[PDB]
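In the form deposited without the partner chain, a lone chain appears below as structure tokens.
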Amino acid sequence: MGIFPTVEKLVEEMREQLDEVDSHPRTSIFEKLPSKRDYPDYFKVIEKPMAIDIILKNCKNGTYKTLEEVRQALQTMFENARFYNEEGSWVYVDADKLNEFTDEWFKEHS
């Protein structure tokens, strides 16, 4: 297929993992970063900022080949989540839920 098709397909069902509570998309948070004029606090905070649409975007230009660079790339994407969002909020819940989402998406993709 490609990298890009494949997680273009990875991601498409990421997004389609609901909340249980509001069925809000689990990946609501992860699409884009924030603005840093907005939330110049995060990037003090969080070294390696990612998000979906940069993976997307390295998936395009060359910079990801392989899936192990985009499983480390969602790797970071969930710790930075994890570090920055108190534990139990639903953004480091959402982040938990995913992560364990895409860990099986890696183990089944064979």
Second form
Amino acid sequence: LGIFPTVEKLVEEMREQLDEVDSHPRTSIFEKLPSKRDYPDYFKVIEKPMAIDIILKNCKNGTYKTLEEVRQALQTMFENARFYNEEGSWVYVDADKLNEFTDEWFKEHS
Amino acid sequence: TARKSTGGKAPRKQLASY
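Switching forms now, from the form deposited without the partner chain to the form solved in complex with the partner chain, please provide the structure.
Below is the entire complex, every chain and molecule, led by the chain shown above.
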């Protein structure tokens, strides 16, 4: 299964990071790519789309075999969020809070 | 920050010219 069992546990820990006010998981917006219908410019603006569902699939199918690859995919995903969304918006804040959590997770697992 | 009521994103205005 390669790194898939380790990544499944990381994603579960990420999903347990909830907003302090409305309890939404900070992973919510990152679970899948935006719809081209709703955001027609998203795939023009974002050169390397990434989402949690893609990360999980790539760990299952052998595209990502190392934690380094997962770390780069998460970094791109969060950078995409910070580039596309306004500072202080809920998506931007969730990206920053989750990225701080994943930075610590990678440190502890390296 | 509380999720936007629709669950929608917050695209930056400057991207309209990208």
